[PDB]
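J.: Residues per chain are reported as follows:
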Amino acid sequence: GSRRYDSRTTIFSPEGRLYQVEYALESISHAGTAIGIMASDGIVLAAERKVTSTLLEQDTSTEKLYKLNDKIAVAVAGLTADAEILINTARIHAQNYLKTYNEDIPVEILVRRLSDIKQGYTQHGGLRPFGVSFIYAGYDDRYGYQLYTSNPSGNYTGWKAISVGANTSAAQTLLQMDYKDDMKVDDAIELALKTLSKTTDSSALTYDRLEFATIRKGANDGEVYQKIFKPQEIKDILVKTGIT
Amino acid sequence: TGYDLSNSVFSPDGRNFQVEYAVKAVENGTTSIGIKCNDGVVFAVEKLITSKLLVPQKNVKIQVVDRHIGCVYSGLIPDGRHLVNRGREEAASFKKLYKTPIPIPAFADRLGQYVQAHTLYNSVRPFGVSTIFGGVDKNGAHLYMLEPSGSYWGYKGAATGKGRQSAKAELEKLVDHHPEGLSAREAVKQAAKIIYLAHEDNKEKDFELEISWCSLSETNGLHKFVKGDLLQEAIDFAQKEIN
Amino acid sequence: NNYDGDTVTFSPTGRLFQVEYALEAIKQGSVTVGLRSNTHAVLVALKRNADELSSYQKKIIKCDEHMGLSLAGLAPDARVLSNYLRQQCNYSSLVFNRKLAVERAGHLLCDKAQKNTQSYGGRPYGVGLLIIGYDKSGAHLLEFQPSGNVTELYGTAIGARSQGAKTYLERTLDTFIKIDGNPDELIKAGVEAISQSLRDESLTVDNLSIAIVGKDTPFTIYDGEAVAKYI
Amino acid sequence: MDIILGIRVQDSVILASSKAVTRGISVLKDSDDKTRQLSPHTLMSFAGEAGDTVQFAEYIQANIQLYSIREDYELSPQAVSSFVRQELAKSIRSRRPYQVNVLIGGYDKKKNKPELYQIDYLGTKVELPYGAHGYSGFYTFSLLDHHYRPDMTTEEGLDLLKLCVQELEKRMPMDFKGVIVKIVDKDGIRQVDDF
Amino acid sequence: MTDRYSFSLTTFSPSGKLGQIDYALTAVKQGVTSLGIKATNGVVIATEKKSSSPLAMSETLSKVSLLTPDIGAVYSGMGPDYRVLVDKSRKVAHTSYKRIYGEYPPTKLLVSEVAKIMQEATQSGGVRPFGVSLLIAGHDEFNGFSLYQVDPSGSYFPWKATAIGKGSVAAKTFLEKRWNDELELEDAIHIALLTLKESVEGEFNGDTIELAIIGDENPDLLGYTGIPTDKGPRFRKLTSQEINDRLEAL
Amino acid sequence: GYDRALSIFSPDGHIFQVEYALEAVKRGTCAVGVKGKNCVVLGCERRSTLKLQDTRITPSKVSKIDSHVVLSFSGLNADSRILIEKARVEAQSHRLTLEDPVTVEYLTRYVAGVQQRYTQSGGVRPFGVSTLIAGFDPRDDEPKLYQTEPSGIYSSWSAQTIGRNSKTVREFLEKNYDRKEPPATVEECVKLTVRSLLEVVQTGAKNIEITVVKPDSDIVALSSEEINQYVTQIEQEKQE
Amino acid sequence: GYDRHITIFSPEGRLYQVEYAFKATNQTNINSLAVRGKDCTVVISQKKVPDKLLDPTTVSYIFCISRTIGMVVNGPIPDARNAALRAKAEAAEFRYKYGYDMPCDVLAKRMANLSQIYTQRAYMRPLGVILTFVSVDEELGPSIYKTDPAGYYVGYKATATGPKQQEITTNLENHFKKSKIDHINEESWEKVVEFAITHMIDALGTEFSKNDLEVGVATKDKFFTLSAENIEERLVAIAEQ
Amino acid sequence: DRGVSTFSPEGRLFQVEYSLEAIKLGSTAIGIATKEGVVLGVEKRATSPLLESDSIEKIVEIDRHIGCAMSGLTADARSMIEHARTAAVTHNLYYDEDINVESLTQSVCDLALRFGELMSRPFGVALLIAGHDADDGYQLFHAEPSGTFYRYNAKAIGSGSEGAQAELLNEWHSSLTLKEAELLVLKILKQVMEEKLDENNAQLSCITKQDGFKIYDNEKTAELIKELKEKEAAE
Amino acid sequence: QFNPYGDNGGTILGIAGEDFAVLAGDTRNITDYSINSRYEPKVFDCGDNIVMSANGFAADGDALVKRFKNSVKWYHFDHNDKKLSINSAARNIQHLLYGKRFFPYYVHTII
Ligand SMILES: [Cl-]
Ligand SMILES: [Mg+2]
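Chains as they are written, first to last, in the entry's author numbering: chain P, 1 to 244; chain T, 2 to 244; chain S, 3 to 233; chain X, 1 to 195; chain O, 1 to 250; chain Q, 1 to 240; chain U, 2 to 242; chain R, 1 to 117, 125 to 242; chain Z, 1 to 111.
There could be a bad hint or two in this list.
A few chain T positions that, by computed beta-carbon distances, are all more than 10 Å from chain P [as the list claims (entries may be wrong)]: (1) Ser7; (2) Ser12; (3) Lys62; (4) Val65; (5) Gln114; (6) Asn123; (7) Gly141; (8) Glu187; (9) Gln240.
If we take Cβ atoms under 8 Å as the criterion, some of the chain T residues that face chain O in the derived model are [to be verified]: (10) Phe18; (11) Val125; (12) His179.
In short, the hints are calculated from the structure, not lab data. Note that beta-carbon positions come from the ideal geometry of N, C-alpha and C, so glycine has one too.
I would like the entire structure built from these sequences, with the hints used as guidance.
T.: Written as structure tokens, this is what we have:
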């Protein structure tokens, strides 16, 4: 019968590893680098677009950075199509929580549920896992500003600063060097860009090959604002830090 | 390669090797025939007497569908029974909805589509039988032969099993020598002869003859078994011809 | 070789190897004999034990007051099939107030075994059965094989070294068929038949298993001291 | 079941609930506690159809306790009330709806404010300074309209509550065998033993 | 019986590649060239009509398809896969949008729904990926004109102009030289015909070329009058005659 | 539905998928459980290749199943969440029907049953997780410590360890733990647990987690400085 | 190499099972041809009855799908009949649901979509057949639409199918180059059938008796097949010219 | 790979035969049937000295008149015991009587072959089911994952089974007392066990008509161990 | 509206002795004021020395007896031809009756 053609996606290796999860991570390591940095007064999300063409429409484009609700955003690394499936699920889960409790969903709860979905694809169903790694950047009134990451294994962890995708080894070393706890948002913006500028496989880092976003309490009095940077705004912030 | 390991897989020729392998099982089985006649059809089959311990006349192989259709087959006997069980369900639902008994061509396609369906998936095995069947309906007499692939045609005479070539040759002579037609009672006698002649290809064990028939005049359009005096008369006719 | 992975696959010569391997399980099983006259039908079964401390595996099963079988091969498969026969015999009684014909019993077993040989996932039954019974057309004996093939016989035997008993019955055919109105003599012929399949071992009191059905005799099984008469 | 009251004061929420359990012409019990603790700072009283009341209360209790263990965090009274309302809102269009009315009294530790929610079996939620279910309201609401002040103490709230029970004991047809009173505040939930 | 293939036929290889998606893209590479160019006041999509036989009527086979009155689609790769995608794309525009909001979906969202369908064929049980890349041109009130590409993986990207299929590499280079942000629709049609002549080998006329635009509203193509807000479809398929007129002043 | 029998017997009588799940446990960070006279202590390793972590929000290694029972683990982290969730739900369900919190033996038996079900169910792989379940039964002062593993077998332990280099720390506990006289106090039990982890860990900084469970739902997690004091005390006594 | 057993992509972007289904098409060794007149659409096919024991009346590869639509198949008869039965059911359901007779081209698309599904879904194999649908459509007039195992379909001015299809194709191509039109400029269907047989004789280079051919004719409001004597009458007309 | 319910060329189910190998790796379990009762005894086999041996539950009650001992992948036995207990209690509910030991065993063995592509694989554990009923008296059954069960006068399963079975062959007779049977299980267990036999690493149990199924205490077993050593030294 | 029940009348009587037991019943079957049969037995030998009657609505009574007779048959198959005790039969019948608690057998049963 059909047994002949089954890849058996949800099994262990003799070493005790999940083949498909390991290979999905190998896929993600070729995707454009995404960096998250958490400051005391906000969070920065920076991401490098995958080898851009000059005729690509840049302003009306969304590849790396997505909005989950008003308080939470994600940076993507891997298959975009796979990520969008998970993003719409996450968006729905957030609205279910709000409908049930009349309160915005705590960041970790959203992250756990999305990570639990990925876990399921590694243990049962016989389907391939989602070839996606997220950086979650969000705020709630319990823990304040929070950075998380999840990967195809369904395992998630919290971070002060973190990178996913390509050159994470080199990127993580640079972040570990210059990061400190009393850091401000504007400093974190500069660190994020400087790190990408050194770890990039491109010749020079330009505005058209970047997506950028901040989550500050920079609105008026005790409330959070999400800023998905426009092309011209990335151009200005790149000049202001002296990269171009 | 490996194209022959799974059912429903096309080979580079455009062939389904699993179906061709099922045909080999049919070729291995005992001989069975079908003869179309003036106003009906006649069926006959070779029953190998494996042992003295087999009860004569009590291992019946020819099967009836509805009250007007006869079915006989060569190959895997259980597979044939499964096909007839389906045939009986198909014929029952036709009569249920449309009142009239199922026509033979209509019935032929019902089996055809069912057998063909068992060549579409790797989760099922093709049928290991060629089935000779037919009967009498509103449009007269019809004889059919169905194969593992789902392929079937109408026939003047039909044969399958280990002695199919011997039987086919003998059938072709009847078609040539009787262009105007063969009678029902004649066809019963000829059927006996052809089974006896086809037994030469399976002559280690001696055998038991079994005949059935549908005829508008002789059996009133219904399927019946040939027994008693009419059976012995046909056996004697066959015995006289081999010598 | 490459065509014995499952039952859904034919070999290049048109063979079903999984069905043939199931047939092989019967040959490993202990011998059992069946024979009938015109008035009665008898089952004789050599039971097998694990060792001297163990009991002897029961070979004969009752299906109705007028029908029952003996098994050879996988016993759990015989339990599944005998249970199905019990239900079918019972359906015939409750719905139609009619004792199930022994011939129809065979037809039903054939069709049940067949479905397992044409579908992916499942497997063939790994047991052979000898069904005896007395119905409206007198005494009957059937031989079931898990290929689906069912055969009505005067006498037969299945299991290891069954060829010895089968040859004896083939010689004795004319004698035992006319043992009418005499249960003990028909059993004696069956006990003598199964004896032709014995090697090194002989028939003891907790080794032999006999069953009988007939004109004025319900299907009843004899074990223990009740079979001491026939040794 | 029958009488359940609630009063929100300056620093606490007070719930009064009748002790009688009647079936037919017999008072089967006169010491029944018609409430469940959902979390350390959230209490729910209930009244309605026999069986349904306790089954529903305990079902909600289990769910809130499960949440507490999972997140290692207490849900706000507002959040619990919204969860309860949705469960009743589902129920009303079910094959057999829960016929249970509830009051949810809780102290929000983040806001440092007491909160009282009244929810009927249809899933109709309202936040109130004082609340009641059943025929009780027909006496107590007008009484509290007159005597209630928003800046009252817990002791003043208990005297205000005594005034309600006295009126109910005077004008209600049925003997409800007094009430069990419980206070919800910053320090949690405690029962007044002498009322 | 029954679909026993409940497991993924597309899986990650040790190198991290998704084989079937890569192979699907290879099938797209073999396919005939198609392209799309975005202008200031419109969008153009075009492709060659590769005829299987001269006896075959190439008019009956439509490579450029209307999805909504303001959205059109063209492809490169396997035609049958494209045909069913158009059927599913048209239906999803109604079920998941128009029947809810009483209006047609914007280009980006319809594209998103098509991408979802193609992604599921990459992960669901017992199926292979679609062997096509789509170019979807469209207009909507709040986003204006837009052009999108959709790949077998389910990934989609917005383009100012692009090409896919056989001679896409050369065609994209040609478009980079000619494209500017001040192009009028007629100029974009002119460039589309120039770009396509490079990839086409045999006959080059209105009968072998299929070309459609997303431009101004067409009241004459609406089919009725009386409702002022309803002004007609922006999608228009250029006729065989209309193409030949522009090939003279080429 | 996906039906494939992934966990199956091999010619030598082994279920490789269950045995390979044990390898995943062997890869996981070390976890240790030691029970004293009036308490149980759960110690856990945290690998130090991860700096720039946020320990406030990062999932803790020891999880509360109820107010009186805790669960630590070694192996796949994502898998452990599924077992913990199920256990937490069953804990509340038991309170609802029996009107009494679960015993530690019952909760262990449930979790072990779930793990077993995944070793002979179609379409699923076994949990790559072994657990240490500890606590005190309702109205009982006798300490309880149980272990589970992917196969589904479970048992009670005076002291036990699981995870990477667990055979080294088990060797330590086997000679250092006296059955006749278990750690009489909380301090003694915590020290023995920290000592055992110091055989394997590396540094006693932010690598060791300690959780102490006492009778009547008295559970508390130790902070960095509190644990560091044990590390400082043990090293000074060692230099002798 | 299991990518050649089921319908998934090979490294070079090919579906080998679909390609091998195309080769099953010619397993019967029969050639078919279809042309359009002014008022009609004619389809002809070779009829080969090798066995003497066969009932020749039951040997047919032309099917009456609906009253208006006819279908000829190139491929094995089991798959041919499978496709025919489904097409009949689809045409009937269409009429019931939408209140008018299913057009030839719409049925072709529907059957092509079904064929496409078999190329994408693994458990279903492709049918090893090429379906040629013919009718006189009430909107589009004389119509020929053809389907294959790949799920491809297109309309035709005329067409041919089988082992010697290419010889027949070019023969027809050269005629339409000469006539300068899309169809057979002829009034009666009888002479359009005569054209079809004549040009098949020229292309294949063989002569035909009455039992060597099989003819289907589509006119307005009915499709019908010709008997042996109807063909014989037609063969006599060709010979006497 | 290959089907789960596949036959070998010798006519045996691969998976069933492989599960029998798993049972051979399991700890020893012995049962002896007498006219005064049926005795069940097992090797506990603790993997480490820190493991509290009294938590090793390899002898188990099904009903008051039926007991059970196991050997092999013991985790697999939990659902078998659960089914047995339910079957026993359910029969009592439907028929107001104790259920026959044979009928109970048959019900358990029906689960055995309910695997394929139902559960994914056979059970990897063998059971010794001992009990008493009014009809057939004291009985001992050996239930395998093949779905087959044999009644035994005495039986050993596990790693030391073939050596212990040969010993039981010589020692068993139809006039054994309960006390004699208790010592005989201890004697044979001590012979096949790796580590030295004592009250902590071995467990005894019995089922009698009068008192029903009882697992022995570590104090009671210890005295039987001491009584056994003295009797062997006495000649 | 369709009424699924009817009253077939009749009456039955059971008495127990020291070493015996009787179960009697009249042989008349009726509907309304008509007689259907003057001899239609409703006390049956069900095997294992158990006699049984289900009086009231005959269709339900015959169905129940039929089911219990069948229950006795399967008790033998499943439990090695063991004799069904009168107390065990009673409990089995309770489950037959209660299985239709929400669409009852309109009968008074005596064994
Ligand atoms: Cl369709
Ligand atoms: Mg209200």
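J.: Each hint: holds or not?
T.: Hints, verified against the model:
1. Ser7: Violated, because the least Cβ-Cβ distance between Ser7 of chain T and chain P comes to about 7 Å, which does not exceed 10 Å.
2. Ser12: holds, 16 Å
3. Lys62: At roughly 31 Å from the nearest Cβ of chain P, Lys62 of chain T sits farther out than 10 Å, so the non-interface label holds.
4. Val65: Fine: 35 Å to the nearest Cβ keeps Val65 of chain T off the interface.
5. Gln114: holds, 22 Å
6. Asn123: violated, 6 Å
7. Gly141: Given that every Cβ of chain P is farther than 10 Å from that of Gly141 of chain T, nearest at about 44 Å, it holds.
8. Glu187: holds, 50 Å
9. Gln240: holds, 50 Å
10. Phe18: Cβ of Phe18 of chain T sits 20 Å from chain O, so the hint is violated.
11. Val125: holds, 6 Å
12. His179: violated, 45 Å
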